[PDB]
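Undergrad: Spelled out, the chains give:
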Amino acid sequence: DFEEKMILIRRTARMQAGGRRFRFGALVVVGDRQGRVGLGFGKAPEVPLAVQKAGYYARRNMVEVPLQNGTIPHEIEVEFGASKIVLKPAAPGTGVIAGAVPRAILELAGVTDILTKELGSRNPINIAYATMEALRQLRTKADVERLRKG
Amino acid sequence: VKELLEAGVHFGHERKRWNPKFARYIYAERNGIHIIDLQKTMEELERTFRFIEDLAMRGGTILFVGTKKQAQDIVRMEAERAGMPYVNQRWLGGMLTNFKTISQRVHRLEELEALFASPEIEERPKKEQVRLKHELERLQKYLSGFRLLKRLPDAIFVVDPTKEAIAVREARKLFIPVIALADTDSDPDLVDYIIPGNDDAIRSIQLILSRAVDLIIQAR
Amino acid sequence: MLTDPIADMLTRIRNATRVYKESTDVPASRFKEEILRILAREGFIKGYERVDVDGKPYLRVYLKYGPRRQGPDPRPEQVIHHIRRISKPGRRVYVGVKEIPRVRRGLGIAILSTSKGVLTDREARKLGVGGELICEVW
RNA sequence: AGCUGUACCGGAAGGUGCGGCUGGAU
RNA sequence: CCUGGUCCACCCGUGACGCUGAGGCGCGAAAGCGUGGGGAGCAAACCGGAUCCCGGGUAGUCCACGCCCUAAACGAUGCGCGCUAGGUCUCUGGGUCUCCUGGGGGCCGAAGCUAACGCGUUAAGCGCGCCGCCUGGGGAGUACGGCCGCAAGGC
RNA sequence: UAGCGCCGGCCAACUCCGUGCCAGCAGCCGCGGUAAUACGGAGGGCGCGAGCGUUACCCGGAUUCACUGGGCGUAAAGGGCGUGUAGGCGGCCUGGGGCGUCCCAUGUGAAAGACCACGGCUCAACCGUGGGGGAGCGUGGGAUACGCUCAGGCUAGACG
Numbered sequence: 005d006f007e008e009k010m011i012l013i014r015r016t017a018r019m020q021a022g023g024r025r026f027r028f029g030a031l032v033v034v035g036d037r038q039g040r041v042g043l044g045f046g047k048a049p050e051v052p053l054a055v056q057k058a059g060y061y062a063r064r065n066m067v068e069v070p071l072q073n074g075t076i077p078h079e080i081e082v083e084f085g086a087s088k089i090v091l092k093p094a095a096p097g098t099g100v101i102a103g104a105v106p107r108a109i110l111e112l113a114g115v116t117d118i119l120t121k122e123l124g125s126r127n128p129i130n131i132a133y134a135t136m137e138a139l140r141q142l143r144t145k146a147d148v149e150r151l152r153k154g
Numbered sequence: 007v008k009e010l011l012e013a014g015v016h017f018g019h020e021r022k023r024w025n026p027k028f029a030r031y032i033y034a035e036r037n038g039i040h041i042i043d044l045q046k047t048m049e050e051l052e053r054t055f056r057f058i059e060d061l062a063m064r065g066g067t068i069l070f071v072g073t074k075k076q077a078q079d080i081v082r083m084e085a086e087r088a089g090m091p092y093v094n095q096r097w098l099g100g101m102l103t104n105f106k107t108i109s110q111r112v113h114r115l116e117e118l119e120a121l122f123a124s125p126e127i128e129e130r131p132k133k134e135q136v137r138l139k140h141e142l143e144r145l146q147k148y149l150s151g152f153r154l155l156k157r158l159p160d161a162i163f164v165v166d167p168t169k170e171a172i173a174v175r176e177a178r179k180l181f182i183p184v185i186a187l188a189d190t191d192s193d194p195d196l197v198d199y200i201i202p203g204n205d206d207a208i209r210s211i212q213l214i215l216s217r218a219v220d221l222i223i224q225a226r
Numbered sequence: 001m002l003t004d005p006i007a008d009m010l011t012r013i014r015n016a017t018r019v020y021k022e023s024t025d026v027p028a029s030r031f032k033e034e035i036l037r038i039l040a041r042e043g044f045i046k047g048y049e050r051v052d053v054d055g056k057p058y059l060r061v062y063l064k065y066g067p068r069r070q071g072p073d074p075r076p077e078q079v080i081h082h083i084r085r086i087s088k089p090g091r092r093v094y095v096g097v098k099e100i101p102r103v104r105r106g107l108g109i110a111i112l113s114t115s116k117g118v119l120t121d122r123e124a125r126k127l128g129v130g131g132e133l134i135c136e137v138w
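Protein chains in written order, with UniProt numbering: chain A, 5 to 154; chain B, 7 to 226; chain C, 1 to 138.
Note that these hints are calculated values from the structure, not bench results.
Accuracy of the hints is not assured; some may be wrong.
[Said to hold, decoys possible] Computed beta-carbon distance windows for the label pairs:
1) B:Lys179 / C:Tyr94: 49 to 55 Å
2) C:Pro74 / B:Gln95: 28 to 34 Å
3) C:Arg125 / B:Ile172: 31 to 37 Å
4) B:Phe181 / C:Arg125: 54 to 60 Å
5) A:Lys145 / B:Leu158: 33 to 39 Å
6) B:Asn37 / C:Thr3: 56 to 62 Å
7) A:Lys145 / B:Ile39: 48 to 54 Å
8) A:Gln72 / C:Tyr20: 30 to 36 Å
9) C:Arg125 / A:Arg64: 23 to 29 Å
10) B:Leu98 / C:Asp54: 40 to 46 Å
11) A:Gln72 / B:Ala171: 40 to 46 Å
12) B:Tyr148 / C:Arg105: 56 to 62 Å
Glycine included, every Cβ here is placed at the ideal spot set by N, Cα and C.
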């Protein structure tokens, strides 16, 4: 029903008495290419378990995107921590002009025409979170009209 | 009005304890205490009652939560005069968000109580009897009344939203409506359907709970 | 010394809307009234009123919000997400007709002080005049 | 404990004056 | 005795007389200098005593003029103005007096901010004005040039 | 007539032998002491091809001089502190001027070049014809919200 993209696996270590204990964290996007996106960060002792947990979190965390002509209604600038994402609508036949992380997020959203930029810190986790937040913060003409006049 | 005033409904807390967000409910200050405006009390009460009656007739369940001292008994008695579940002894962190893991413990409770309703306890020497017993009393102390929930509720009823802040947060997270008997020192915004009144004054708690439960009964 | 009144007014509105106040007060002037009428027309605020506070003339502004949100943080959706001042004292920004910005693909507005009075970006483009770029609002 | 501004060292893994700081424990 | 800053009450008077401010001009702990005095005690240097201590001890610490003008000169936080929940303690005014209203000094904490720690009406929040400064570490606050100083040295 | 570079990650493309911190590679991270997908040959593979590479210089990435578009509690960075000259910035109401500002018209923004349309070379490069657009500046009118200037008033800043 949904598609998955595995952004990154990382192996984080911690000290114990004469040894190192490892843990694997996975960043996963779940989408339908119609305007439903989920991002999940999953920690587990084993890689497949991390993938499973990340997928689970992604499913239990869904966002709807207001697509018109497979593009964004209006440009956005969002800061999360030290990182900034800039999204800008583009005419059809432009393609997804984005880094690996934003492209992975946006493809599964059904977005096909967008101009992006990353500023400040470029931590994939934070960029991904910022992208998700920006997507959560998009409004249409109708929504704005209802809010203002109704 | 005319029922609340004798029940000590409109007696809040001192000038020190008040949450400023509650300022829209305070009528005036007297003798260093805050008095709740009874008009808005009645109005919000009407609104919440309309909600409750519609929900009850629709067939929704309300989980009653009073974990204060003087609230325990009233919560118990008022819950018994309904099919509603209740939690009065202690709120375990994650009864709702972690409902799955709690359900296992519920199943363990029922199977253990069935074991004591079985002639097989002639095995498991007195020591094993003692251990499983101690377990059973511990369980019945905590997980009684919460038993009825085969699934998630449709609302929540809190005595003191600040005392049970955890439960309020859990309800918020799972998109479950919130009803509370908030007072001066509580945040209005976290509570969907609010009854601005007293969380002390056993009389007030008794009156509010009795009226609500009677309404549930007449609407069932 | 209060250097810039208009920036002060915008900041007052922003600060009030941040803590979900119902009304706010701003020292009254003609130009502020013009900005406020423009805002009220485009339905960013409930509306303003001319009041008096201890002898001094004031503007009482009534703000607007969305419905009560569900889930965690039930604070209502803002109607004014963002309000800036473009041309501050010390750096004045003037624009011709051709240089008028489009804000949020038109979902937002830009207030201009044209020679024909205070107009939105839309009205200024329609008439065919430019002037001092006051603020953007969305 | 440490650090620092000046001043001096013909026993300088540096020391001592005079004063300050916590970026140090009662 | 002479003198500076400041707070409150009446809301009496002038009528925007305002804020910041590169240079300049003043002030600037301790240490250090020149010309005189003074020196109880304490103590760089130095003289001894056992193996970081204990006895002595000049400068200095003191005063009067003229220099020097640097610091972990710190809240490591430029100055001014307006806005945004409160709780508590403490100093100092006013009132109708354990309740209000001013101005300072601390702690907890809304919203918000921050990489985090934390700040949070005494902002590190939301804004406007002016000033100084920053652009990888070491070489190095070094060299060289210039301006100050008796010298140390400072910029 | 078919070169030429590359095959650890960035970055498309993997195995076997030879030496074994030696010979060597490398733009950065770093590879080489028993396989070493990184050194040297071979099979295969990848990219572009009458070209493929390497140096040198410029812009980009670099938001790493930040007007668009950054900062100064502890990461580099608030002057030791005042008082102040030049400068920068400046409350409310009314009226005049029209400097800034905006608008209309016109002149100049040569040719070639950039952009669009058509066409000539068997296509293209190249070229031709026509159409535009263009920051700025001169001239003649209009506008007066804001900034500026004057003229008057006001008390909320500031003084007494």
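Undergrad: Compare the structure with each hint and give your call.
TA: Hint by hint, here is what the structure shows:
| no. | hint | in the structure |
| --- | --- | --- |
| 1 | B:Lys179 / C:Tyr94: 49 to 55 Å | holds (51 Å) |
| 2 | C:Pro74 / B:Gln95: 28 to 34 Å | holds (29 Å) |
| 3 | C:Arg125 / B:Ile172: 31 to 37 Å | violated (55 Å) |
| 4 | B:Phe181 / C:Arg125: 54 to 60 Å | violated (44 Å) |
| 5 | A:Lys145 / B:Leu158: 33 to 39 Å | holds (37 Å) |
| 6 | B:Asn37 / C:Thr3: 56 to 62 Å | violated (48 Å) |
| 7 | A:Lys145 / B:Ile39: 48 to 54 Å | holds (52 Å) |
| 8 | A:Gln72 / C:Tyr20: 30 to 36 Å | holds (31 Å) |
| 9 | C:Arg125 / A:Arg64: 23 to 29 Å | violated (47 Å) |
| 10 | B:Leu98 / C:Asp54: 40 to 46 Å | violated (56 Å) |
| 11 | A:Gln72 / B:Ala171: 40 to 46 Å | holds (42 Å) |
| 12 | B:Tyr148 / C:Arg105: 56 to 62 Å | holds (57 Å) |
Figure legend: structure checked against the earlier numbered hints; hints not met, in rising order: 3, 4, 6, 9 and 10.
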